[PDB]
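Below you will find one chain, with nothing else, as structure tokens; this is the form deposited in one PDB entry, and questions on how it binds or moves follow later.
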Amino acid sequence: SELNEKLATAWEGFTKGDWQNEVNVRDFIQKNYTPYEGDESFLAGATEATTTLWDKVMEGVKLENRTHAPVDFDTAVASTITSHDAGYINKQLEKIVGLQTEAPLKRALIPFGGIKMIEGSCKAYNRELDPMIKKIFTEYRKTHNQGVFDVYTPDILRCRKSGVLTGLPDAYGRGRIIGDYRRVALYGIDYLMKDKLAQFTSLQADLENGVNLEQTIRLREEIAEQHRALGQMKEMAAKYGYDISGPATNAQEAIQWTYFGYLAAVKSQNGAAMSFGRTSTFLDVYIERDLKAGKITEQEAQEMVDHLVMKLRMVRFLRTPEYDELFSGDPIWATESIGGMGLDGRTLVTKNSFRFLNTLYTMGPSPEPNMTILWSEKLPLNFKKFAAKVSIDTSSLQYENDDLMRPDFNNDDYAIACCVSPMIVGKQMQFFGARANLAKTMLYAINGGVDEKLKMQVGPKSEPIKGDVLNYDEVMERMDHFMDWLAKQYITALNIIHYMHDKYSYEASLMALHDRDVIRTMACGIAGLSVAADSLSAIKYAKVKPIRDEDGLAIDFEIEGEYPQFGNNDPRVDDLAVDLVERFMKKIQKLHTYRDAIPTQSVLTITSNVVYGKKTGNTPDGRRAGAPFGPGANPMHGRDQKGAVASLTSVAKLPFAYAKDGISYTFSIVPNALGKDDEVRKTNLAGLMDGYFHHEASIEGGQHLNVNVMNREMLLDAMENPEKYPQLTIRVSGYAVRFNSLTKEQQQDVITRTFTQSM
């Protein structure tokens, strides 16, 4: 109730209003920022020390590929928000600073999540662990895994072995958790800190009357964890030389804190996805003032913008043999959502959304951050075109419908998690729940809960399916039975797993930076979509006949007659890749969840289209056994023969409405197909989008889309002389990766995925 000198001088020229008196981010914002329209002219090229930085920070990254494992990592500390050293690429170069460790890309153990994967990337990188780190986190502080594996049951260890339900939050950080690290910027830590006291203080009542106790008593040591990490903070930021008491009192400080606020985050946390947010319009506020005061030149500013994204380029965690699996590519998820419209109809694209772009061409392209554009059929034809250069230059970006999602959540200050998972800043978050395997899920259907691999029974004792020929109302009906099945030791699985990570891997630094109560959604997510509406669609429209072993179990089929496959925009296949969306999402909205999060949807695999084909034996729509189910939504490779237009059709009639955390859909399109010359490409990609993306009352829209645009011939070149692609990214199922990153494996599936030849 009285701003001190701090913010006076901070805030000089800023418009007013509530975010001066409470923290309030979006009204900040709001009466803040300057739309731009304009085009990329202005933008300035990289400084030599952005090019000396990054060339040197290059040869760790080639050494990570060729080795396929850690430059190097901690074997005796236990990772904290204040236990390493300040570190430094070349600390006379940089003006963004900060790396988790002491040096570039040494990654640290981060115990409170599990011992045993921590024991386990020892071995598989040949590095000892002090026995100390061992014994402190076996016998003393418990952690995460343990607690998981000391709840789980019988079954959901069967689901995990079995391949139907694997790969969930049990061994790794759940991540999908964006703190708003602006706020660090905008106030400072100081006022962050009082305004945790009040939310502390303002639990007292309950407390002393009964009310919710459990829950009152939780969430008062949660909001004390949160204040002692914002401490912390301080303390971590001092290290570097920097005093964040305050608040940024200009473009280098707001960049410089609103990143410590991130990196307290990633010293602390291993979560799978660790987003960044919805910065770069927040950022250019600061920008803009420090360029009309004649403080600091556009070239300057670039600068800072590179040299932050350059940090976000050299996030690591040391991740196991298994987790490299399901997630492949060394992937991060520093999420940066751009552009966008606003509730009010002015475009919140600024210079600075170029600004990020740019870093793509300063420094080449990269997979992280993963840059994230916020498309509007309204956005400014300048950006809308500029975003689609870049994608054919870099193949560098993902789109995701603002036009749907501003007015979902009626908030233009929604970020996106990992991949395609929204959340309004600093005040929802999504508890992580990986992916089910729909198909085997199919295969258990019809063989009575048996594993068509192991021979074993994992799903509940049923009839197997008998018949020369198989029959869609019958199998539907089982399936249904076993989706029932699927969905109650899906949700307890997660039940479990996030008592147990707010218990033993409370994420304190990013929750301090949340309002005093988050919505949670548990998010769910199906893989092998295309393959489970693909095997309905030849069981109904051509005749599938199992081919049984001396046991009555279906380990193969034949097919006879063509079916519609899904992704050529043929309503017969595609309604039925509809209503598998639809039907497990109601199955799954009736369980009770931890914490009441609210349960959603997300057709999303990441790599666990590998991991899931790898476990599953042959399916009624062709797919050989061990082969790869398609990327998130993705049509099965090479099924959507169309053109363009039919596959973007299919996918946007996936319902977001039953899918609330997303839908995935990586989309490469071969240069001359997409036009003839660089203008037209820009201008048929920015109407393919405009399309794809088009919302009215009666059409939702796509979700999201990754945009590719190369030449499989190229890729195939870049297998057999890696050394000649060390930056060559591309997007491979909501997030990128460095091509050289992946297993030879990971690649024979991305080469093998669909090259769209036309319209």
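Numbering follows the first chain given and starts at 1. Definition used throughout: the rigid core is the maximal C-alpha set that superposes within 1.5 Å between two forms. First, how it differs from the form deposited in another entry.
After superposition on the rigid core, the single residue among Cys419, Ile110, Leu374, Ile332 whose C-alpha moves by 2 Å or more between these two forms is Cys419. Remark: with the core as the superposition reference, the CA shift of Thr605 between these two forms reaches 2 Å or more.
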Contents of the next structure:
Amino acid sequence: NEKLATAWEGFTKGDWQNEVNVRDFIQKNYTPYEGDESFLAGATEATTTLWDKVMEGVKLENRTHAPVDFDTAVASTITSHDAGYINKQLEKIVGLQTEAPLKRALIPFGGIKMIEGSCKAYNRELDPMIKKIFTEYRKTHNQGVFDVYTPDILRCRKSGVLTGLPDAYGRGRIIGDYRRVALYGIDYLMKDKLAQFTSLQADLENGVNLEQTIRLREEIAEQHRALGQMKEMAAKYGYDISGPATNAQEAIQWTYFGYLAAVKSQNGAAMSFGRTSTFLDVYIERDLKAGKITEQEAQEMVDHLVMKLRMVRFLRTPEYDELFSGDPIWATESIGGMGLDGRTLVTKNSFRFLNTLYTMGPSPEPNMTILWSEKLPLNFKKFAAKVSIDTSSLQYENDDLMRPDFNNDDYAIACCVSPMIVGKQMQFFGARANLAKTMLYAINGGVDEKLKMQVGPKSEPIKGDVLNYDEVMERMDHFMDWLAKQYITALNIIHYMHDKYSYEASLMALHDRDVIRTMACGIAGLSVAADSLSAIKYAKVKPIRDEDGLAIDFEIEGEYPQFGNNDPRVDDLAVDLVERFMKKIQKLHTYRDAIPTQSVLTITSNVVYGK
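Any chance you could show the form deposited in another entry after that form deposited in one PDB entry?
Shown below: the chain alone.
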């Protein structure tokens, strides 16, 4: 139409011009780079003054072991907060979660009891109103879940067999395609969602999957709505993103706004930023080959961009705060990799992103993992190696396994869960089922002796001396049957509720209509379970019981292979264990039919050429 023309200028025509197909875009006109870091540009006085200003707050957090500041009366949404800056006139890319830098907000939808816990712990008071609103009017995810939980699930939760269950707040391991905002503009994305909404009208009237169709429709309505609040939010910062980004600054700013909306409305742990570097590099490259921008100017926008990314915070409590234990924010950016066609996806921008670890120093948070492949440009390989040595801040993943695995070169990383083709997959974060604890309970009739609690079904402890691997596994297998039911039942409830009371509209609005859902399951204490199993069949494992007969400790006469030592008879037990569980799980009904998956253990065949 009107806008498209002005801003699409120079871009090699392709499907991405007809349907939301970011992937085709990038592939159609991005510039693979084999050069080296020489072209790089250093920091800026603005960038440095800004970073130092922020650093103040960080130092304050470390020293305090608490948030700089957080709301106690405002319920965050995409548009609840006014614009907020570190230094208006100094920022090239703008946008914060609240009005003040590092000031954490209240995102009540996940659960109110958590917010109370935060207020309590960091010694402040929750505005009685906010509590009333999310107790009597708007039910929270947390509350909804616990209303449906079974006594047994609660019981498993207490013992630890099931752990890390996202039932108190954001489940989030969702990667919305934020590049869309930039590449298409809100208006185009909103019209698209209307076509999606309308495409469901036949099924609705025909009664084909009635209730699921009604749900998908309401969800899309909310997506639409969210996209609209996105413009409102951006507007508060003097920007109108209704149309597609024109220059490299808007491209970056748009993409970030899409993410800012996510970070203002949801509080999940692994809301990856996605695969952006290369995408944005087509906008930067363009403005360079035209004289509109300067390489140092570019670097500066990137520096301000990741700077914000370093600033995203979430109000937690001591336990869950990234400080003590607590999973960190996982704004992950996947870099480089190779396209299915063989060309590398490494771009100038790739170097630019890594460069931020120099310009603004080393930082873990804008968690940048490299999509490593044996065929990445050497200069790039070397640089990463250099950067890693100097900042020890980069992460890596084998692109040579994933690319061919998904048969897609546009996937992104999401922490502690399988990768996802951006905008095409939705992954329900399951937590972890502890197979180590499961094994012990199996041995002890379902009881947790170090707690004197009957967790699983009542059965007889393993009698006799010197544990017999065959018997132990027989017991362990029947117990894994039970555990599979508890675990999947929990996840079924958790995600039904999270979809109802905390639908990630702003992010789902940046996914296709029908996304592939999977129940990302996880396992805890696998190595410990494998070792214990090993010892049982390669040594004299004399159980050491007590008054009641419960295995309290274990004597091992002999030697056995340990986990992490590439020895098959253990790595085999580990593998066996995993598949046994997943096989058990996969026989059960899962909410919305998301297929159970796992990423704790991957198996494969790879040819290594020597000489």
